[PDB]
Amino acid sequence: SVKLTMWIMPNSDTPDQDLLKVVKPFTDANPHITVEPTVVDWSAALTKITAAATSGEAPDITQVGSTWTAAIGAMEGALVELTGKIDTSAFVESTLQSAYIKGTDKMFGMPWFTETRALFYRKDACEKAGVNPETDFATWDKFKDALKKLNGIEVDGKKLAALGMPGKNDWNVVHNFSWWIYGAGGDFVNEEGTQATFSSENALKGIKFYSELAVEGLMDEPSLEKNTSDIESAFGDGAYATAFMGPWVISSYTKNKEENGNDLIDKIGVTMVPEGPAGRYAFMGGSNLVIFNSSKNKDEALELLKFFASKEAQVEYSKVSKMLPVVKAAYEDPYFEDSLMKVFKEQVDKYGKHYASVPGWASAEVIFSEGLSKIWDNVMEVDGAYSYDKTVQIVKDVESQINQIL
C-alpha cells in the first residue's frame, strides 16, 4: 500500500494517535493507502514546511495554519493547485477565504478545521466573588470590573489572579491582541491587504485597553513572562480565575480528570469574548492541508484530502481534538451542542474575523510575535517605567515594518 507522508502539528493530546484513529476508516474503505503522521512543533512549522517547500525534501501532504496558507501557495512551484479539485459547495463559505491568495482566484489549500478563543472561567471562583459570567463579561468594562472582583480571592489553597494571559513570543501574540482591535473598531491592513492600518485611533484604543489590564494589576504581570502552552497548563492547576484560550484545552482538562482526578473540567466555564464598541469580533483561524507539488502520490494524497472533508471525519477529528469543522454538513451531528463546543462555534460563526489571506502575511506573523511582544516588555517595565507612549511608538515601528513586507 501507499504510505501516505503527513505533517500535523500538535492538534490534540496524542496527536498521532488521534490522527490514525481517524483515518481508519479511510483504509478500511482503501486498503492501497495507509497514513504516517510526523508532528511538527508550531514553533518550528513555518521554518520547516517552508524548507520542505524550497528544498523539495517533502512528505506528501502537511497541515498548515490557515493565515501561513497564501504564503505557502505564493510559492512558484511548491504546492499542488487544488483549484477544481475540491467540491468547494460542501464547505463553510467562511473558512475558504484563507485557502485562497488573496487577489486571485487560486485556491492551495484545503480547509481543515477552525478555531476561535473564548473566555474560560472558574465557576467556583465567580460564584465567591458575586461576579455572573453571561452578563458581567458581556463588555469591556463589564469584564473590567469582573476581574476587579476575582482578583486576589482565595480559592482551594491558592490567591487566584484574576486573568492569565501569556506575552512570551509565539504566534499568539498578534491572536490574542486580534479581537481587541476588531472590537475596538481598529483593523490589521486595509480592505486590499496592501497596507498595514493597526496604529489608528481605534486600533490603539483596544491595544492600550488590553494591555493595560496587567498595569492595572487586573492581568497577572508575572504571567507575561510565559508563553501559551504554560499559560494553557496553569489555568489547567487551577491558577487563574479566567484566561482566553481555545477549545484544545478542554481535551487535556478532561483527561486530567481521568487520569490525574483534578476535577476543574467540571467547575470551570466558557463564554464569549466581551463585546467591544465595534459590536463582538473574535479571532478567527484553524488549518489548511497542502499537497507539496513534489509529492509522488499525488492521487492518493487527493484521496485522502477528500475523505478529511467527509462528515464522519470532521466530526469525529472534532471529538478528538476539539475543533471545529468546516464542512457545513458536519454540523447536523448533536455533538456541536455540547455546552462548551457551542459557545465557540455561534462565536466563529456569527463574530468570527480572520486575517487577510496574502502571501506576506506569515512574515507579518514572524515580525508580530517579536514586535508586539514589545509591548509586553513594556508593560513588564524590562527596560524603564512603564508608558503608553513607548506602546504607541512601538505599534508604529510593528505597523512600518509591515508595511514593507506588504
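Here, rigid core means the biggest group of C-alpha atoms that superpose within 1.5 Å across both forms. Positions refer to the first chain, counted from 1. What changes on going to the form deposited in another entry:
- Shift analysis on the rigid core between the two forms singles out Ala90 from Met272, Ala239, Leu204, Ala90 (C-alpha displacement of 2 Å or more).
- Relative to the superposed core, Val80 shifts its CA atom by 2 Å or more between the two forms.
- Superposition on the rigid core between the two forms places the CA atom of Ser339 less than 2 Å from its counterpart.
- Superposition of the core reveals a Cα shift of less than 2 Å for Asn378 between the two forms.
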Second form
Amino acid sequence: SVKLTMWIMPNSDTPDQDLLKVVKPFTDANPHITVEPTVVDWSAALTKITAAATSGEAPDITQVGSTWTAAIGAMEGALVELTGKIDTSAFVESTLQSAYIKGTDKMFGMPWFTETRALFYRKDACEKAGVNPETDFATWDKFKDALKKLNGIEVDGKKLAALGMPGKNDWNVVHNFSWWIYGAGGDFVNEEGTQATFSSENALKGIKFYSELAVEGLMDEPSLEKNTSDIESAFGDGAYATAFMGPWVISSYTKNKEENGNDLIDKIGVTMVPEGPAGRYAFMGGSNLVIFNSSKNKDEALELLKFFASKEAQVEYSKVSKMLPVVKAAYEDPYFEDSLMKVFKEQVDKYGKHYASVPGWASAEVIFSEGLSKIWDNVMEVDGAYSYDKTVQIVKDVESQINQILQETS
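Having seen the form deposited in one PDB entry, could you give me the form deposited in another entry?
We keep it simple here and write out only the one chain, dropping partners and molecules.
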C-alpha cells in the first residue's frame, strides 16, 4: 500500500482531523492509499518547504501559499511539473495565474482554495446615517463620503467608528493595500513581472487615498494597533460601521448568534470593494497544492490532487476551512450562493487580481510589507508629524530594493 504524506498549514479549527474527514471518500474508494497529514505553521512554512525541496527530504505533497508556487517551482528539480496533467477548464480562471511561473507555460501548482476581501457594513448604521448601501459604496469618492456620514454615528447608544482596519501589527499589511493600488491604476510590479512599479504616480495615489483615511479620522484609531482577527471580532461585537474582511467572518458571526444570542449577523450586509479611478480590482489569496519531485508515488499523489479539485471535495473543504473554492462547479452548491457569500463568488471571479507569480515574489512581499508598515507609522504620527513626502520617500526606497530582488531571481 501507499502512504501519501502531506503538509498542510492550519486552515481549519482542527486541521488534521478536518482534512482526513474530507479525504475519507477518496481513501474509502482507493483503499490502497492512505493519507497522513502533518501541520506546519504559516510563519516557518516557506522556510521548511524550501529546505525540503533543496534536500530531497520532503513529503509527497505540501500546501503552499499561492504566492509561493513560483518560488518553489523555479528551484531546479524541486516540484513535479503539472502542465497538461490537470484539466484547467474546471477552475475559476482568475485562480490559475498563481499556479504558473509567469512568462512560462509551466504549471507547478494546482489551486486548492482562494479568498478575497469584501466590504461589510452595518445596515442599521447606514439607515441612521442616511447612507444607501446600494449606491453609496460603489466608488472611492462615494465610499469616503459615506464614511464621513457614518463616523461617530450612534446606534443603540454605542458610537461607531466609520471603518475598522488593522495597521502594521498584522499579517495582511500588503494585502489590505493591494486593491487600493490596483483601483488607482497601479501595481506592485510591471506586467512582465521584471520591474517594480510601486513608486508610480498611480500606486502612490492608491497608497495615499487609503492611508490618509487614518489622518482624516475615519478609521478607528485603537484598531490601527491591532490585527485582522481583532478587527473581525470587534466588528462582530458592533464596533464599526464598516470593515473589509474575508468570507470566514460570516460563519463566526453566525456561530456567535447561535451560542450567545449576538444578533450582529442580522444587521450586516456585504458589497464589493469600491471601484477606483482605473476600475474595480480585488485581492486574491489562498493556497495551492504541489507534488515534490522527490516523491516515490507521484501517480497516487496526482490522483489525490485531482480529488481535492473534485466538486465534492472543493465544496466540503471550502466549508470546513471557511475559504472559497477554486473550481467553478463548486459554486453550484447553495452554500456559495446565499446573499452574502455570492458577493465573494462574484468578486473573485470577475475582479480578482493575484500578485505576479514570479520566483522573487515571496521575497518582494516582505519588503513591501516593511515599507507599508512605515507608511502606517507615518500617517499615525507615531514619530513626528505626518508627511506625505515621507511616504513618497519610503515608496521610492522600496522600489530600489524590489528591483534588486527581481534582478537576482530572473
